[PDB]
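Asks: Residues per chain are reported as follows:
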Amino acid sequence: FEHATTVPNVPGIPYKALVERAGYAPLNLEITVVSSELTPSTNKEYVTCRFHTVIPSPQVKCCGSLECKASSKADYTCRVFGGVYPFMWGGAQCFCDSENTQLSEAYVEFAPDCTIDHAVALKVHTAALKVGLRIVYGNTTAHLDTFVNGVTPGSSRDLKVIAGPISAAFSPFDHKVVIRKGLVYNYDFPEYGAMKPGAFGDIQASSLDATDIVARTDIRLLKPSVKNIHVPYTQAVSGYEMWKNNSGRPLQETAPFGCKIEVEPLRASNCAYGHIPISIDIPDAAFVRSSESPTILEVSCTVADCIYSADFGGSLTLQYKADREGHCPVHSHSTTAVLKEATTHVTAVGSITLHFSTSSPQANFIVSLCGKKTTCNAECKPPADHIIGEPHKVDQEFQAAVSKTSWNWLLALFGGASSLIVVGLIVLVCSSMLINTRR
Amino acid sequence: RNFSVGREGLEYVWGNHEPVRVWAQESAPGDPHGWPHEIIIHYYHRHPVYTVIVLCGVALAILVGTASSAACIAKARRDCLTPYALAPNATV
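As they're listed, the protein sequences go chains C and U.
Under full-length UniProt numbering, the first residue of the first sequence carries the number 798, and numbering increases by one thereafter.
Under full-length UniProt numbering, the first residue of the second sequence carries the number 636, and numbering increases by one thereafter.
With the rest of the complex left out, here is chain U:
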């Protein structure tokens, strides 16, 4: 028989024996101190929902970092070029 053991602990009682209580340890594959190659799998095992949330947070932050910084830079580049791009004889 397989029983999922929560960090809170699980009690199993078999026949007439004294109830035995066991608790799940927060230990899983990978390593909290290896490279991300092992970090992400470790936290994902310990908490799938939290790990996926953090990963999407990173992805969203990266999206803002890239597309919003690129938009700002494009804005400044575009509006700094146009005073010259409109002039056919300006020495930039």
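Here chain C stands alone, though its shape is the one from the complex:
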């Protein structure tokens, strides 16, 4: 038997529903999103880290000249300078006072510590959402993960559960994401091969053990002016350091909807945003014909000063007469109220307590026990605890946000105004009639 309902996408919050196949005993259906994993389609652009500036041992032809060869090394800046006549500990290292040149080959290479301190730039084409649902149907329950992508059934075992397109296509990750040490930061890193000096990714590579690394450190070499052999390599401090200093707080502390961000793979998780369209074709073997279920022939609702609140602050009691004792479902027929329980063991005659929560200031929500209905009604007091460590379990429906007394007053004011304009119409009728009646 196919059924469908929306579910608030809020981790751990247990949604409640009652499926009432016509000839069969209404079956309890509680939907719970035990976890979620909004994992987008990542693609690695490049890795980066603090470059290590390695100045290879300078080459001097002494009396002669040198060809400034090319190289594959990143930012090869093998400029050549003449008239150096350098000195080592053994004194001069050439045999002429001039007509000599110093070649100062220079590279940037991955620092050995980059092996761990590296960072990687990831693109994210789309954020498909996968939610780890725990679902209980009747006196049976299963855990199953499904892709909330849409048609994607992602069902498991006998429950052909199918999720629907997320009400909102929210994504926490910006289009360009960089990962570091398992921290995540959204940042428009420069494209591959588009390095800029001192910016993030001043050096980039396919991966840490690649020989195709490039860079644009802006390395420049001055003349070896001092007497001792030395190469004046100077450059912008690594853009990796500037980013490490200025990247600010990571995404793990900035993504909205409470998204929790993890790495390997990059994924958002336990993020509470929008609603999840859910439909489920629960198997008929889960139902029983109404005639074989316990049935109550008298029922009434009594509420013990429901404290409306984010948690189960309200309490109410059902008094009943039943035909047979047994275990029988219960549910709320109003989404403004949610019942902490879903099924109860019912005596032949008696009563049972049913904890509940509600965002409405009232209790004007119908309660059902195995197909019977009772209109609960009472004023619910606001909760003294301004703050609790539990997510608000129900949405604040405006249609039930007005208290009965307040709704009465508001409708009394509008009733007065409307009745006055109605009297206006009535007197215009009276005048129009009198004018012709007494002609």
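These aren't lab readings, by the way, just hints derived from the structure by calculation.
Don't be surprised by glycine CBs; every beta carbon is placed ideally from N, CA and C.
All the given hints hold, so there is nothing to weed out.
To give a feel for the contact side, a few chain C residues facing chain U, derived at Cβ under 7 Å: (1) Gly1055; (2) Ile1184; (3) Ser1200; (4) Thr1202; (5) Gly1213; (6) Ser1228.
Stretch by stretch, here's where chain U covers chain C in the computed footprint (C-beta under 8 Å, at least three residues): (7) 1099-1111; (8) 1185-1193; (9) 1220-1226.
Simulated restraints, written as ranges between beta carbons of each label pair: (10) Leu690(U) - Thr923(C): 42 to 50 Å; (11) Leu690(U) - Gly820(C): 46 to 54 Å; (12) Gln856(C) - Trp649(U): 55 to 63 Å; (13) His922(C) - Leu690(U): 45 to 53 Å; (14) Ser703(U) - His1130(C): 38 to 46 Å; (15) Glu1122(C) - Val640(U): 40 to 48 Å; (16) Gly650(U) - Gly1147(C): 51 to 59 Å; (17) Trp649(U) - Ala991(C): 38 to 46 Å.
Dock chain U against the given chain C, drawing on the hints supplied.
Replies: Using the frame of chain C, we list chain U on its own:
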């Protein structure tokens, strides 16, 4: 430190402790069931914009109720008097 907590909930994380999440309850001064003296202040606290909107709605409705009904009644009174007010000897 003071942090405004929305009904959606707020996460605060301190030093190295596990992130603690807390949610604001829809609870405020006054009472959704007292007289208006407490009703208006309660809803105003919960939603200033919505409460002011509803109050202006009531005021506008009252304005129509008063001035438009008074205009209609004045119209009928005026036009029912005038057939007599024009007659100096009519027995109303």
